[PDB]
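Presented below is the structure to which this report refers.
With one protein chain held back, the other chains of the complex are shown just where they sit.
Chain naming follows the written order as A and B, and within any one chain the residues start at number 1.
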Amino acid sequence: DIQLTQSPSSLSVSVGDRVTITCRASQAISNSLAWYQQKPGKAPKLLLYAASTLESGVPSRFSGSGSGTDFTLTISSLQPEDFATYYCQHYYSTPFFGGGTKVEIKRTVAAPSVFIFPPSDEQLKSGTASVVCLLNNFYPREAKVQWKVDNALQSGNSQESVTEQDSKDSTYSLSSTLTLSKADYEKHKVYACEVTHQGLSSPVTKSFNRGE
Amino acid sequence: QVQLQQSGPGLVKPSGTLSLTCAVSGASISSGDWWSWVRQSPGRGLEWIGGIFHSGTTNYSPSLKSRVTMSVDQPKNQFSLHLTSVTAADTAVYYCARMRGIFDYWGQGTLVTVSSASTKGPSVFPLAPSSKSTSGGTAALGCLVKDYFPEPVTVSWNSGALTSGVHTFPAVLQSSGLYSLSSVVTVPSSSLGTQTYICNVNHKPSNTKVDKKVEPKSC
Partner (left out) sequence: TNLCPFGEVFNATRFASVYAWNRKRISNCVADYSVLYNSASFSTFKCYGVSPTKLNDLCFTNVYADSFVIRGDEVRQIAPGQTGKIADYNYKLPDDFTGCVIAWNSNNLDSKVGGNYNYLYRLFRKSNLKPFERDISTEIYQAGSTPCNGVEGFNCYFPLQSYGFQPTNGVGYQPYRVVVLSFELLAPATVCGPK
């Protein structure tokens, strides 16, 4: 079968920068080549086909070129909402999708704003206690969270989740959830999440005290 | 625009059969188009599964042919995918699409989880704000949507009126094998005791529809 590969597989560029993505075919495919944009949580959206023909309604900053084996997608000026994975696909024979090029947005450092949430009374009535630590609107993505319970470091009882890059300000947010049984929760008093991030001079701690 | 509406259960036990149906509006099935399915799983990217012409002619990915059947129903203006003897490797978001060389219109996708685990609806807990603090400050509140299976749940705030500053986190699988996720929003600290905040949680696999009021907590 005729296959396609994309280069680079991921890039990080600033708002307003020119973006060049390459699609190479293992054999000549004339101009039977299309490009798609896929935003998180959504279906791919057709941008271009026949190598250079824009689909109706597609913004003018997108264009394509190429014939045979070498094809190029261009974003002339990246906007923040252009965070997405870009795919090429040929229809010269059996349809085949390239591996995708993940476009991330580079911006200035932003330290996280940290919030901590105690378990609700309803949840404690049900037999468990979850403590939620929120790191809001930071950049870059790299962040470390550590939990301490009664000044004792925890391991094995916390889970982390990160949003995708925000479509408007290009920041991330992160949740770290510490979950204990009600019996274990009631044995301790201090629940602290310690946050390490590039925008801070030193790690920042927020904590909750059971029964205060 | 052409609308492709997908239906069919997202949870399938290993060795079971995945069955999905796509309802087409704004276009007729009787066209020179190939009514197609494409799936997406981490690492695999987008993978064309196959397509079916309104005449019944089919074109399937050779790696999947033995397990794939598609069909069309012109009077209902719909088409279907059936994938037998599913394994964990078939877990993916499945999309239907109108194809004629290009895939110009796509369904919303259906997350398909191949798993032996049973369906469970979530518990919804308030994440209370605690900075009823100084005015001009910004408070954070949310909802913890805990212990459900499979994905997905959806979260809205104030039946959709509140969108700005909302973060709904990706679901994570807990040590128990059940999913949990939080949805948070930052609001002005001033409006806390006056403004009402309600998270609307829906877990269709369990027919769970919950509304939770999130109000400040005090002594």
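The definition used in the following text is that a contact is a pair of C-beta atoms (placed from the backbone, for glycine too) under 8 Å apart; a residue touches a chain by one contact, two chains touch by 3 or more.
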Which displayed chains the hidden chain touches across the whole complex: A, B
Residue, one of A:36, A:71, A:87 or A:91, that touches the chain absent here: A:91
Among A:54, A:124, A:190 or A:200, the residue in touch with the chain that has been omitted: A:54
Which residue of A:3, A:12, A:22 or A:63 touches the chain not shown here: A:63
Candidate in contact with the missing chain, chosen from B:17, B:25 or B:63: B:25
Identified contact with the non-displayed chain, of B:34, B:37, B:94 or B:148: B:34
Absent chain, residues of chain B that touch it: 1-2, 24-28, 31-34, 57, 59, 100-102
Chain A residues that touch the omitted chain in the full complex: 30, 32, 50, 52-58, 63, 91-93
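The rule we apply is simple: only the chains that are shown with their structure count from here on.
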Mean-CA-position distance for chain B and chain A (Å): 17
Touching residues (chain side chain B, partner chain A) in the complex: 38, 45-48, 59, 61-62, 95, 99, 101-104, 106-109, 123, 125-128, 130, 140, 142, 144, 146, 167-172, 174-175, 180-182, 184, 186, 217
Complex contact set, residues of chain A against chain B: 32, 34, 36, 38, 43-46, 49, 55, 87, 89, 91, 94-100, 115, 117-120, 122-123, 126, 128, 130, 132, 134, 136, 156-157, 159-163, 173-175, 177, 179
